[PDB]
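Trainee: Chain by chain, the residues:
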Amino acid sequence: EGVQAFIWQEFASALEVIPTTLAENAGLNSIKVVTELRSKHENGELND
Amino acid sequence: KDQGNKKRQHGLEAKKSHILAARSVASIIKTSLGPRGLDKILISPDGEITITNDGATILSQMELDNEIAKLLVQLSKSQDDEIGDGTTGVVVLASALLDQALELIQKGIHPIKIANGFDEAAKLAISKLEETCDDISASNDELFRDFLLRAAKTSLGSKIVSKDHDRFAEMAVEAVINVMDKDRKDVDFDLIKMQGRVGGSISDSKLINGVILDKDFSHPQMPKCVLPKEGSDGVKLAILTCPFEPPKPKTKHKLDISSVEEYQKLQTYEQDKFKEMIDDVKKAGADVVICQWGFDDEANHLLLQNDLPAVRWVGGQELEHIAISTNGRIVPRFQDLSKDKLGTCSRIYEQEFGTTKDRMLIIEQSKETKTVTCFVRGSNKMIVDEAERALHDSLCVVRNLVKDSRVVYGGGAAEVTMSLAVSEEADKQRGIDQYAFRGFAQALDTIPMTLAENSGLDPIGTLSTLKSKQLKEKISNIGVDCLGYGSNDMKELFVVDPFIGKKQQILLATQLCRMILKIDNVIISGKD
Amino acid sequence: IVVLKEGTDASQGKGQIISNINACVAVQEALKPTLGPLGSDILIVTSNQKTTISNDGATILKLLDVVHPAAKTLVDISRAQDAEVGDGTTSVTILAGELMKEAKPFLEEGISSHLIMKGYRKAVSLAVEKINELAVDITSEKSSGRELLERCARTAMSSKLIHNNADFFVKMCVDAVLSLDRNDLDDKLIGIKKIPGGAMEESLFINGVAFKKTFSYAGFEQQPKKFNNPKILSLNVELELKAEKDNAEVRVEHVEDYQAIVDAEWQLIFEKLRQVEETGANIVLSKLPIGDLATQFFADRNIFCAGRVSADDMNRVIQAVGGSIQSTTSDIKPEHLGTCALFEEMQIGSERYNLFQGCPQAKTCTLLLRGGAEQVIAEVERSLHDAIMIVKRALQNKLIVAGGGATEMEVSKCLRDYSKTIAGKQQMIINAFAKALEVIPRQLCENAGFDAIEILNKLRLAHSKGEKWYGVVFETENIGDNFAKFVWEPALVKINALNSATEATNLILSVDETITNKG
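Going down the list, the sequences are from chains D, e and h.
Counting from 433, one number per residue, gives the positions in the first sequence under the entry's author numbering.
Counting from 33, one number per residue, gives the positions in the second sequence under the entry's author numbering.
Counting from 10, one number per residue, gives the positions in the third sequence under the entry's author numbering.
Hints in this document: simulated from the structure, not taken from any laboratory.
The calculated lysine-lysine pairs, modelled on DSSO-like cross-linking and capped at a C-alpha distance of 27 Å, are:
hint, chain 1, residue 1, chain 2, residue 2
1, h, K14, e, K38
2, e, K145, h, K494
3, e, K523, e, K504
Same shape as in the complex, but just chain D:
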């Protein structure tokens, strides 16, 4: 609750910078890679 929830959401959103940078530098579709990783993580854990 309060400002803490907003700051935690912003921190979580910012955490995805590293995978986005890796996808961009690899010549892959930046947005698609993040979605694929998020979808795969729904079944696996620290594997994909």
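For this one, chain D is given, so just place chains e and h on it according to the hints.
Mentor: Below, chains e and h without anything else, positioned relative to chain D:
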């Protein structure tokens, strides 16, 4: 042609310029959202100066040369002809959706995908809102009437009408009920007309199921009220479209007077002709005579002798309204009057308002009529206009409530619930569409945040508290306490708005966001 | 005093053609967002402060009013294409702009405009030949005159109440427009009516008109119900003894006057009905109900009659019988009589229906649907309307080619193959034209939000092997057989668009050095 000074934009530049224009427009009405909105001083380009917090008027009087902003202005104007109460909310939501679309584009999502995701999110939000609706009519008719009156009073209390808001709400409810079919539940605003005069106070406002005609019954000594004669066949009104003048020869169409002898003889003959006409009128059973033109002095005198009020200078449309209200027919001439064509009204009488010289008359009907006039009084033209706008808002609220018994609670509670549902769906949803759904939920979150900001509450804390209360504790109707309340949970405060109104607001916002998003180039011709 | 050029001079050399190319590319970029059904709209404001938003190519061209002398040629060509053809207006502009872009490096390398024009003409001739080869027109080759349209009709019936029985309804959908004049097809000739009861597969197709039985007066079961070559008489009013419409109030104060009026009315109706016998009409239809006397007279003369025919039903009768409707019975003449090959009364659903069948002059078709519920019949009618529209559009031009860029891909592949066996600059020009031909699918994919690189690579890989019907699928981002999916565009439209684009490109590039006045 007109290549010189011709405006053009690039894709990467236009996609940002449109969003900047949308934000600039949204800043116009951001402060006007909610009952605690701020009054703005506007001067129209035509010189109209007024103070108001209504988003519709603010956008109508405020013109601009930005084509992207003109789209929002036109959308607001078009909505003003439908409900008009969600203009500020619709514009704010559209601006939030456009900002979210800009953020998505910066992340590499094509505009068409963003539009499709926003459409799907709007569909899901509308479905969730409908699922969370409460049916008032199916629960209790007395509670239905109580909620109608409560919403009317809540809408009225934000304007000058607060003095007689109770009577205003009663008049609005009665007007809506009288001009609608219970089963069909379709209400046309054209069936309710707005009228008023400068002077007095709003306490003199009256609801009339007919036409006023703003006439003084010609001669001041004519009867000011005709009764239904203790349960007789109402009051008979003669509808005429010709002046009350004596017949004249067709050779000249004029009467010549040479001296006193001829003057007196012609006057006597004209009096005899007027007596014949009045006898013809009486034989038809008419009590009050209405003519498209004026009356002669002898006609007025003889009608006064016969106690037959005369209405003068009534327009053709006014006569048609009289016929519709009284279910009568228009009689061309006096000699054509018959009992089968005279209109039947409950009563006709003169109503005086202060010292106004109009001395208007009122025609009342007991059965359902297609012409209802809401008369409003006020010490100033601005007061009358504000009262008429409040009446329009109350009529729209009542119309929406009767159209669909399902209702939603205001204060952003519906927006919070829809945002939570859309966020849950986005979390469940896979693919790029998840970002679009999350952006739509964030855009929905703007309305409660703006309401909290306008109400003097910390928006960051308020939005989080509302979301937490509606998510962890239980699903309820908790909104922003814009008005003085002892607690949250509007469900107990009975702050209710029509469900279909909110659905229309969401649909209009989504369509406007798509319209602005789906335009990529703007070309403006030069000037000579 | 008067200066034709307004004191403005122009340079000479490749600079002029390069500037023309730049202007044409600017126009192409301006019109790019509007390509395809999903193309974005453009907000254009006139000098009179009038704002119009639309993706229609013709409207954009009209409101743009290009001032450049060179690009105006392409604008005029596109306007002419729209006026004469009406399809591919934006495609011609896009192709012309792409060709202008491709021509720029050739000009920069010193290639004269004549060589580029000749190469473009040769490539366009090859493309026309390939289009003619790809053009599909099947009459009896692995198909029939109706199967070619029934296949398209079945698509619209997917996931519907008639999906399992689509084989029967597709025939009716095709016949709704094939049996009528193909020069002018419209939705008013495909009226569909509902009859409760019975199975959906038992629906009856009528080449003429059909209507419900509306007679319940004396004389029933006396007039003939079937005819071989009947003559049809159409009337509006003034057929029954007591007119329901356009009548008048009659007041009588004496019994003798009443009897005289009754006798006069009887004589008048007798004469008006004898007119029907004299003209030789077999079926009498009117918008008003028919009384005992008129129906009895018709039965005594072996004449069929039926009243209470609605205005739409009367129009359908007029179209089916090829005759004319008379205002009143007093003017009945044989010139207004129609002819039909069969008249019969149906007993569908235990309810009597009157219809005309087999009339060679019929200009409209009527469908009588059957089913266990009215909602099912309504869904059937909706599916039938969709399929009828699809087959009507297909029949309007039976010469079609695979859509979704498949035709462009095939033309490009063939042009590249020919260029591989052609020496000289002709090879370069043909390759440039073939590459430019791929702009249309590229821009369609871009406007649709698909990944242009991947979709184009997949299309190139698939189209280069096996069938040439592979194209871009817009329902889902992938490559599939458009011909199997019934996605096509007219061959003549493609040929006209290619010719217009080539003409515009040559005209703009035909001049390397020009002295153009300002005005």
